[PDB]
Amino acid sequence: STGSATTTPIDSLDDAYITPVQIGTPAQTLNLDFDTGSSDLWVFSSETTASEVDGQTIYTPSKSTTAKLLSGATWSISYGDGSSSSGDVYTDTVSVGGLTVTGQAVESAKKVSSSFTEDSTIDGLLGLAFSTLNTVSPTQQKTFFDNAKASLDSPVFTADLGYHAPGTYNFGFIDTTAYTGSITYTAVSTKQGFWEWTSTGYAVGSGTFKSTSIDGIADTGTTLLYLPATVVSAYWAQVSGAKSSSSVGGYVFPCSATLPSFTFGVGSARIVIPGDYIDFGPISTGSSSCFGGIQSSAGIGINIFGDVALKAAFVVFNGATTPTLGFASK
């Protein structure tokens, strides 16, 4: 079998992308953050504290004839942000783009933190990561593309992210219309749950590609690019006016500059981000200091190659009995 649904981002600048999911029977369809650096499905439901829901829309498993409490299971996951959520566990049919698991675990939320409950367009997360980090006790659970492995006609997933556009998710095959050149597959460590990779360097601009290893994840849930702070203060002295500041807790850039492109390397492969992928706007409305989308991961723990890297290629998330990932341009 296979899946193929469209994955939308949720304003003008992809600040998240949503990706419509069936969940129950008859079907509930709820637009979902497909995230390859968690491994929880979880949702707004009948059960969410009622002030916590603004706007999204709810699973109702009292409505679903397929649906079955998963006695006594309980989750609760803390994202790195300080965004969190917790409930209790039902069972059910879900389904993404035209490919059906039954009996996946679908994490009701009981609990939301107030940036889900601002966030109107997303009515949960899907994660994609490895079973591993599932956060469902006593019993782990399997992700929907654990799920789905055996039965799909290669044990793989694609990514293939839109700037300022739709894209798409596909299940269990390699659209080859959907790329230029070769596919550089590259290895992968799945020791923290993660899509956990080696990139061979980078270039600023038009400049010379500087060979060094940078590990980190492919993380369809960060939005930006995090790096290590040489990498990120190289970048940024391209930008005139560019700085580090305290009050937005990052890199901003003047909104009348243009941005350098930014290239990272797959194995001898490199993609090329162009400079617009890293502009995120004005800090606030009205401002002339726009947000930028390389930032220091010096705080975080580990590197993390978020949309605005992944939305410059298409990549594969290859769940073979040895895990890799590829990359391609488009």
Contents of the next structure:
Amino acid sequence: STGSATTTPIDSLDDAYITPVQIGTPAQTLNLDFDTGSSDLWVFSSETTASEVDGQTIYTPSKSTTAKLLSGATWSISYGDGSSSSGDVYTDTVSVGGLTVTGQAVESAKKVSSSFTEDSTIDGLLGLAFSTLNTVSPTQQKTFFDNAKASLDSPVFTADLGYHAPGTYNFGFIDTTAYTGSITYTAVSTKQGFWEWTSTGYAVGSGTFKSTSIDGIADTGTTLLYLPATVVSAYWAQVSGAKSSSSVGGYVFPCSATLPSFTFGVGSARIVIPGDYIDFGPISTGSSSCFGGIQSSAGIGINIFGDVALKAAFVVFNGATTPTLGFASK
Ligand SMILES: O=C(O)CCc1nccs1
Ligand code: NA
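What does the same protein look like in the form solved in complex with 3-(1,3-thiazol-2-yl)propanoic acid (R9M), given that the last one was the form deposited without 3-(1,3-thiazol-2-yl)propanoic acid (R9M)?
Then the entire complex follows, led off by the chain already shown.
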């Protein structure tokens, strides 16, 4: 089997991407944030505290003929940005892009934190990291990918995120029309439950490439690129007037700037992030200070190749017995 679904940026900044997902019988379509940095499929639901719902579409298990309570199971998750959610669990049929899984754990939120409530465009998350991170207790559950993988033509999914445009998540196949050149594959460690890999270095603009190992995760659920402070300082030093601001929460720069590109290594291959991708616009409406898309990972405890990096590439998440990541230009 295969599946193919379009993923759409939630706003003009590409802050996140939503992908329609069919849950239940008859189908209930919810727009979920596919997150390769977590392992829970959770939804706004008929159980979610009413004051914590503001515009989301909800899953109502009582209206699905295939829903069953997973008796005694609960979940609770905290993300890197301080957001959180928790609740109980149903099993139901879940389809993405024509690929169907029966018996998928659908984590129904009873509580969500304020950021979730305030984002009317995201109806929940679909985790695509390794199932070792799934938070369901007392019986840990599998991701949608882990449950599908019995069935896929090839044990893979691909992320093809757009810059200010829709893109695609495919399951079970490589679309050889979706990228240019060749895919460069690189080793993955599953020891922390993430798609963790080691970049071979970086360059700033038209500068020389610095060969250096940068461990980090491929995380579609994180907006920005978080790298070591040395790397990030070297980038922003090439932008007139760029500074790290304590009060704003990171590096800012004059909106009148033209930003340099940023290159990262994947083995002997290179992925170039255009400067434009690193612009996250005014820090507040009407400001001439703009927020940078490359930020320090110091204090976060891991480097994160988030959407700023991933949307410059066609990315293969290879879930074979020995997992690997692949990157191609596009
Ligand atoms: O131009 C603005 O609106 C803020 C300028 C800044 N002052 C301090 C941090 S960022
Ligand atoms: Na922000």
